[PDB]
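Colleague: Using the sequences plus the hints, can you model the full thing?
In case you want the letters, here they are:
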Amino acid sequence: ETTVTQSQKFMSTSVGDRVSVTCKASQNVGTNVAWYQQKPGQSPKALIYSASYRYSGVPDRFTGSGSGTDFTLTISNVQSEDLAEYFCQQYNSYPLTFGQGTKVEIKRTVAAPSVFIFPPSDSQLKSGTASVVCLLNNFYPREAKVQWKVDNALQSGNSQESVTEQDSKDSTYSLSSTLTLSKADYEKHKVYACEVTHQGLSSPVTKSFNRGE
Amino acid sequence: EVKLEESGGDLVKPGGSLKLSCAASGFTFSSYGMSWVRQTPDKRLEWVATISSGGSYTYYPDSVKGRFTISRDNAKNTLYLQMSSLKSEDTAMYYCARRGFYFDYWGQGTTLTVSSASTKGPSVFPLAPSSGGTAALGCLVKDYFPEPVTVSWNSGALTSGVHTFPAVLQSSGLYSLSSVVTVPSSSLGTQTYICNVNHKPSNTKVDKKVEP
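Going down the list, the sequences are from chains B and A. For reference, each letter of the first sequence is one residue, going 1 to 51, 59 to 66, 68 to 221 in the authors' numbering. For reference, each letter of the second sequence is one residue, going 1 to 32, 37 to 61, 64 to 136, 141 to 222 in the authors' numbering.
Simulated from the structure, these hints should not be mistaken for laboratory data. Cβ coordinates follow ideal geometry from the N, Cα and C atoms, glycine included. You can take every hint at face value.
The calculated label-pair distances, taken between Cβ atoms and stated as ranges, are:
id : chain 1 : residue 1 : chain 2 : residue 2 : range
1  : A       : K47       : B       : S50       : 23 to 29 Å
2  : B       : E221      : A       : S69       : 55 to 61 Å
3  : B       : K115      : A       : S56       : 44 to 50 Å
Once the Cα atoms are required to be at most 20 Å apart in a straight line, the calculated EDC-like pairs of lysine to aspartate or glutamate come out as:
id : chain 1 : residue 1 : chain 2 : residue 2
4  : A       : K210      : A       : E5
5  : B       : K39       : A       : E5
6  : B       : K24       : A       : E50
7  : B       : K39       : B       : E113
8  : A       : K19       : A       : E5
9  : B       : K9        : A       : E50
10 : A       : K219      : B       : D130
11 : B       : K9        : A       : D46
12 : B       : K215      : B       : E151
13 : B       : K45       : A       : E50
14 : B       : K45       : A       : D110
15 : A       : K215      : A       : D153
16 : B       : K45       : A       : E1
17 : A       : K47       : B       : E173
18 : B       : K191      : A       : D153
19 : B       : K39       : A       : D110
20 : A       : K47       : B       : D90
21 : B       : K177      : B       : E89
22 : B       : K115      : B       : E89
23 : B       : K39       : A       : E50
24 : B       : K111      : A       : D46
25 : B       : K45       : A       : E5
26 : B       : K134      : A       : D153
27 : B       : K134      : A       : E221
28 : B       : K215      : B       : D159
29 : B       : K45       : A       : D46
30 : B       : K134      : B       : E221
31 : A       : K47       : B       : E113
32 : B       : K45       : B       : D90
33 : B       : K111      : A       : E50
34 : B       : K39       : A       : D46
35 : A       : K71       : B       : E1
Modeller: Structure follows, in structure tokens:
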């Protein structure tokens, strides 16, 4: 079986710049290689076929090169909307095989998070669990420190973070940190605080609430 | 104008069977080969079947041979994938695709989860909002199995500023996620905000109005 290998798990670029993604077949495949673009939460979309041909509707800034074993997708004039995973695929023979994908990431200027905290809803407590949600909205770069304080005690181990992919329009991240407590533990303390440290903030910002108010 | 729309994904016990369907439109279906490609949780893509335009030739990888059967009904403009002797490694999102060598159109995908666990629908709780200007609100979608859930706002009409986070697997074996949106704070008392949660494997739909 002929394999195709993408050695770059990530490639980073800025708006208006170019990025190249490599793909190596394990044996000669001629020009029978295709490229696909998969934006977050979407199915793959076809970009390149026969190594270098663009479908109708694909901008000329997308190019592909190579013959034999070494193939390259190049995106010129990169747009924020190009944030996606890019896959190569050979079809010189069955079985048809895919590369592992390369994520193209967008560098941009610093953007501080907007921070919000959400107490557990009365609905949720009725079932013995308490989720407290801290939201960090539309920030860049990805590095961000989130600290949970319950009556000034630092929490560690009882919260989980999830992050979106870079936004197709402004290239920012958003992040949720969810503190999960037993209702019994939640009712034992008053002040719930989410503290956020980030390059775009002059100093850490804290959002907080008093349970019961 | 080419569209491919899959259906049939479900939770199925290990060793069981499931048939996926793909409805084509916007092209002459009988003039193209058709294929199935799946994407595993690690996001790798695996081609799993190809059928010629007339249905006479079929091709499979060794991982699925004799367990998966691709077929088509050209009169109906439909493609099928019959899956049997299902294995844990078959869990994936399955894509209908046009052509038999490279794939110039892909469907939206339908998900198979191979599992002996029971399905459980989500519980949905408001993330209540409220200087000013911008308010944040959302829904916590908790304790469901398996993935995925789909979340929209106001039945798909509110999309600007929506962030639906990736699900996280809890120790209970159930998934949880939140979906949030930022809105003008001046509208909270007049504009209605409803998160629509669809969990197909449990046939559960939940709409929660999120109020100040």
